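**Student:** Listed below, chain by chain, are the residues.
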Amino acid sequence: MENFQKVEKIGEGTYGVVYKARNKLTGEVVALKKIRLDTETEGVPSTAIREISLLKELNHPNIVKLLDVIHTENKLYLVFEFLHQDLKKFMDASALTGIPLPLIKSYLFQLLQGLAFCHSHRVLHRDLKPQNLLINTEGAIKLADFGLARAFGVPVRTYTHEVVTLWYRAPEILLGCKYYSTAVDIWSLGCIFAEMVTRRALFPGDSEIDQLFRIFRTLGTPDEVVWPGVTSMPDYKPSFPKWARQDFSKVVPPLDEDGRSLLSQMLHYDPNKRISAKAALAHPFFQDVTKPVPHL
Amino acid sequence: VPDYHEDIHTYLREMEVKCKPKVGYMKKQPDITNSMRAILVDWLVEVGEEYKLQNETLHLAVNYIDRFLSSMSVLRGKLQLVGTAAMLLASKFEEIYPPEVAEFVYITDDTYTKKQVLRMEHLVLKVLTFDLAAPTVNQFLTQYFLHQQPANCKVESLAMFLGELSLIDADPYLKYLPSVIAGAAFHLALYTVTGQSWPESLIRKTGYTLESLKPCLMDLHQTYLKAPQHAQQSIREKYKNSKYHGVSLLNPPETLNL
Ligand SMILES: CNS(=O)(=O)c1ccc(-c2ccc(/C=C3\SC(=N)NC3=O)o2)cc1
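Chains A and B, in that order, give the protein sequences. Mapping of the first sequence onto the UniProt record's numbering: residues 1 to 296, in sequence order. Mapping of the second sequence onto the UniProt record's numbering: residues 175 to 432, in sequence order.
You may find that some hints are simply not true.
[To be verified] Below, computed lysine-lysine pairings styled on DSS-like, alpha-carbon distance capped at 27 Å:
#, chain 1, residue 1, chain 2, residue 2
1, A, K273, A, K237
2, A, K88, A, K291
3, B, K289, A, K178
4, B, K379, A, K278
5, B, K252, A, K178
6, B, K288, A, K34
7, A, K178, B, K226
8, A, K75, B, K289
9, B, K201, B, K300
10, A, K278, A, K56
11, B, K349, A, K20
12, B, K288, A, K75
13, A, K75, B, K300
14, B, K417, A, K56
15, B, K194, B, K349
16, B, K412, A, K56
17, A, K273, B, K379
18, A, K65, B, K194
19, A, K56, B, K196
20, B, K202, B, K252
21, A, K129, A, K273
22, B, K300, A, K6
23, B, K328, A, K178
Read the hints as simulated data drawn from the structure, not as lab findings.
Chain B extracted, bound-state conformation:
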């Protein structure tokens, strides 16, 4: 029931175009690959669970990593040091109780030192020029749920499950804006659970129709069917749990009739 509902939504739309990472930065990274990115993101998911961090924190760390990797080349051995420090920052920005640094050093298994992580935090802050308040799928999803009647938190967890799967697979998902993936995901979540669709209210708020969501909806649908087959299974493990109503266990629908 905000007062600045519309203003905030508009601002986040302006903002997400500016905070976008560049689509194909991976094609220009000599030593790392989408495949290595995926192991890192999925590891992040696991860290998120262990220290019970908000899903937003995870979305921001992926934002800061994709952005950082658009400006800097990194070696595979240093890739995890960028992930850690990205998560430490998203922790400081978003958490009430961010983990201590030493606990970050602990979860790398001493792959790096206290001072390496600190120094990497500096660098990330420099390259990101301190622009840390990114819009995420998450921020759009929470807004979009407000249009759901009567409420249904199975639809809501599944939409968060789907939006989280999007973080693993740079290809294709970087081709999309957070508002688009959140649109797609939400529609997918509604449809799987109650058979309904992207409500005309959200058509109004966002200006997206099912027509304009279709590209991302295809991909998300694939990703979701091939979920159990995926090399990374952390997000599925996370969402089997009774917190998120066991949504990773619902049968995807087989067709979307569009």
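Bound conformation, chain A alone:
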């Protein structure tokens, strides 16, 4: 820790606290993530064990690069590349100007890039949301914060129920399914893709049932036709109001036809029909995709 000049605190977590730093020798600006170990009780937190070990195996342009771990007995720091700001702060900068469509198309292509890498290396992220998404001045976007991620198996075997932020949590977790795979990161990305377009959050519920009804009002309440099996999921209740599906030009007004189609396949109720990241890549939406800078 001698080589680092901490420059400013940039935020939070729960086990951990984030900083901007520089090497006093190479000049490199990094991000330092501090976690407290308190050196007596529990040892190394498992979010950290998870994060570090998964990240080691996920080097890809669209995913924060882990640079270093420093294991000072009772604090643990992680050294990441420093990207310039997260997607939420960006969204707040521009929610009045709009985010240009070319940039959106580009950020999404790149999240589909790095997310498909994960899913091919049996990692689920499980906490996509713009505060976890980082952007750099040259046009790049990278998935970050892997504390809540986990290596999965084929087929899956019942991971943590208590999972994904809320506004981003797929109906199958909301409804208390026993299994859930790579579709949960997709749902989140849909919400993401939508939130960039309209600049409001797609589904801002305040409880789990609120969350559900907001999904239902927007995408129509699901049945055995559109999602075989719903009627018998643990948290399903036949007393759910029956709403109809809105029209997406109404839900995401600024979005062209190829887009709404993809967002739509991203938001399919059936996790088995929900488009994977790899197929999402070869979608018409992506005929001619560029790499714009953020003009802010």
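Chain A is already provided as a structure; the job is to place chain B with the ligand on it using the hints.
**Tutor:** Leaving out everything else, chain B with the ligand in the frame of chain A:
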């Protein structure tokens, strides 16, 4: 019904060659032996039962122990401290509810202190350089079952029983890749229960024939016949139970006709 079925399988194949422990690290350990390793692994099985940990957790702890022992020399008195901390880590990596540290200290019977286990966890993390996401027999077995029609969970428990027996006996099993032992085991499980064989679909997916599995199949078959005679009986005790359909109690077949 994955979407990344093939990608994951390929990645796990690349990965298992890199996470391999070295075959003969035991020949270079002054104070410990396969025999001592076996008491430790079998004890781990028992801990797994008591705290109802996933079989994967057990496979990862054995991975981290074999790897750790390939770089470091340890004394017999400290061997169990390496096992504990390996299991604590596999717990943190793999479990929804990993046991607390103090509960680990409890199951060593206070052989070591809280602070010894913590410090060992640090060391293991250093030597393993944090590379904890290992492929295991388990991970291959679950993939291979997907090729079984109509399904049959007697074949499935027996294959897990056989793959777990492989963890006790460094000799010979370290000579084999997890995908090979899982192949062998699965074939053995199929054959014992329904008389069928390694399906041609798995020949395709894995590139292994019965010919290339034969070496490991021999050994596994022996191990399985001599099971009741073994010095360690935890895995057999575990699999008598009605959870795993009582597979440790099926009569092995006497010949494999190859
Ligand atoms: C909220 N403040 S900010 O948007 O200006 C901002 C946030 C984060 C970072 C930054 C650089 C590197 C990281 C790494 C992170 S953040 C996180 N939750 N997990 C990480 O690994 O985070 C830079 C600026």
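**Student:** Run through the hints listed earlier and report the numbers of any the structure violates, in increasing order.
**Tutor:** Per hint list: 3, 5, 11, 14, 16 violated.
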